[PDB]
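The chain below stands alone and is given as structure tokens, in the form deposited in one PDB entry.
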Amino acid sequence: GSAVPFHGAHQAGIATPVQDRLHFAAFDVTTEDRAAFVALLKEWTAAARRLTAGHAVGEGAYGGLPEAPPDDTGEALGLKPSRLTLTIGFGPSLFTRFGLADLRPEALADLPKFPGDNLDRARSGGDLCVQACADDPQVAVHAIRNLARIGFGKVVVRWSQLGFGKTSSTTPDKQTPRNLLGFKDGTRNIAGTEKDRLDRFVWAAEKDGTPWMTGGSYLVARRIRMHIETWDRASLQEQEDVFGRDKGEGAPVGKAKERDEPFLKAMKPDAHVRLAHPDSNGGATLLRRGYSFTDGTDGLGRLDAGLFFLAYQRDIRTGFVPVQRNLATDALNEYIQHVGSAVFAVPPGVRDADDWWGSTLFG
């Protein structure tokens, strides 16, 4: 299809179909004035309604007064909506402003330091995030560029990441994408069709303790670099032993088909799938929604590439934290390094044309 509805009980971009491209930006707030920030949230919501329907922001990209700057920067003229979704989230650091310290959710937990972390502070944290997903990367980039412009003076861009998954024009919808290590990635995940599993593992409930967050979710972002040239020198058997699945079909060891249920005891004890599986983690289950990245080459001639990992969950303490803790001895650790991190509370949806991002928090 061509557009995804913006309004709902939940924000789009979580349980809605996974689009081909990502532009993820983290923002820091520069104003101390609560009223000015609320005004910004309203203006951003109005812009998002236009962007996600394939229209220009404000009075448009051309045809206004000649002596004024155009309201929209114009680089998406002639493109389609491209299934654009715009999803906003609030970082822990936002709650030190505007008198919000007692409204930080307990489920918005700070992450511990994990073994092997090498986090770049410049590509970590942030007061706010906007996740822009679309099938055309120019549509996503135009949305972030225009939100940043509207906000100039009240927010700045802290860090930015582009990503890619499948190209839907050429690749069937039911084919699992492969990551840059060459393995199928996403076989055993929560799907957007699974309403009850979303209620159990993804959406915040009123009884969880934070009423303004009901119908929201919690997001963990990790920029994970792969050591591509080292991986590519490993034997086929070494690569398959790291995961617990074969490379060609992606079946669990000792099984024949991709979607055959794993037998964990046949895998090596420190294989990635064995460590990450819910049965190894007291039932903990995540919605993964990440994207591959390739940024260029570093100063040594090596490919700067990896996985921009995104996970949504009902509570960070019972989702990401236990699972990532269990990966302390993962065989995959030889080939990856976590180099960026951030966490966000993703509020409930925009209910109708009069509602605005963050209305349950700000009032």
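Under this definition, the rigid core comprises the largest set of C-alpha atoms superposing within 1.5 Å between the forms. Residues that one form lacks are left out of the comparison. Positions refer to the first chain, counted from 1. First, how it differs from the form deposited in another entry.
Once the two forms are fitted on their rigid core, between these two forms the CA displacement reaches 2 Å or more only for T171 among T171, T73, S124, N179. When the two forms are overlaid on the core, a lone consecutive residue run of 3+ whose CA positions all differ by 2 Å or more between these two forms maps to 164 to 173.
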Second form
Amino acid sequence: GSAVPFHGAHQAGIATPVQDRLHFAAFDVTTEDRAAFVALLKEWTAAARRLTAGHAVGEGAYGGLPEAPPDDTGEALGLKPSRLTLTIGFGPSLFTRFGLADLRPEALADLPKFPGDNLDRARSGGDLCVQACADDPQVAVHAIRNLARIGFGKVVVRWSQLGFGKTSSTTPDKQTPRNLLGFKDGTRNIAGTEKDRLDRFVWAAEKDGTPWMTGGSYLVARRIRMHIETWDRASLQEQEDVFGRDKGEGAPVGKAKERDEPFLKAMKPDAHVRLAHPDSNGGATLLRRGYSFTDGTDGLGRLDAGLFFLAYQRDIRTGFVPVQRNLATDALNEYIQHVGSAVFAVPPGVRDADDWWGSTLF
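Take the protein just shown as the form deposited in one PDB entry and give its structure as the form deposited in another entry.
There are no partners or other molecules in what follows, just the one chain.
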């Protein structure tokens, strides 16, 4: 139930232990007035300081003037902070506004088309994003709803995604969660304690070429549908061969324990783990932080199921792009389809109580 500190050199919600629930929103900007947009970023930062400490925004949820709408919508009253983090990102499309064209980072690369992509344009892209993670879904919905309300007239929600359960780990000391295919997901990630690996693979550095982004990161979001009818009729051996790990323990093929190191030559040449491993990709390493979803039925008698994949990296060109390119022959492709995509530059942290989201850019 405890609070996660909001201020720092980096934004929380990346290296932080992964919380149980997600509410992710992408917004488009509707104002052309730079000063008005700056005012919004400041007001949002002030609200985020309240929300992440379990307090109501503005003057509260009740006890004001009877004839005015309350400043806070009130549905998180009496709840703990529940490890809420709020992480903001800026999309490539933002940099066509407010005279920002020459400040777009090179590392904020547009993704190529990948074989098998079927991207819905309405649930792709976005001028900006807010990732809300918490252990209580009500706390996460409250945060997104109140930010959107404050932004009325300056921003609109483009698309959103809820995640009911995590499929990732930044804490190797704790149990690794399973995805809806029934396999542990998150064994070989980057841990929040691994400061050297975070500096090498996740945080942007001054020397990388974009000063305002120092201490930030780059985010790729992919909405992935899972063909569960097809998967659920596969044999146990087929399932294990797809990944290169056994289902019950999650050990590499031939080994006894989850955290034993993979021996790649024992895996099939199209096994997911073999293709995705840093040693297969010139050392490229990612911080994975995704969640499972189910959005009803598919209208054909079946449950809908998928994975909302999130990865953080120091440079999109040296992280997600080489790895996903190497997955062109993945055995897993038979059972999944990418149906949504977005990239964002995640700025540095809010240093103290006088700072504000995006201050290094604006």
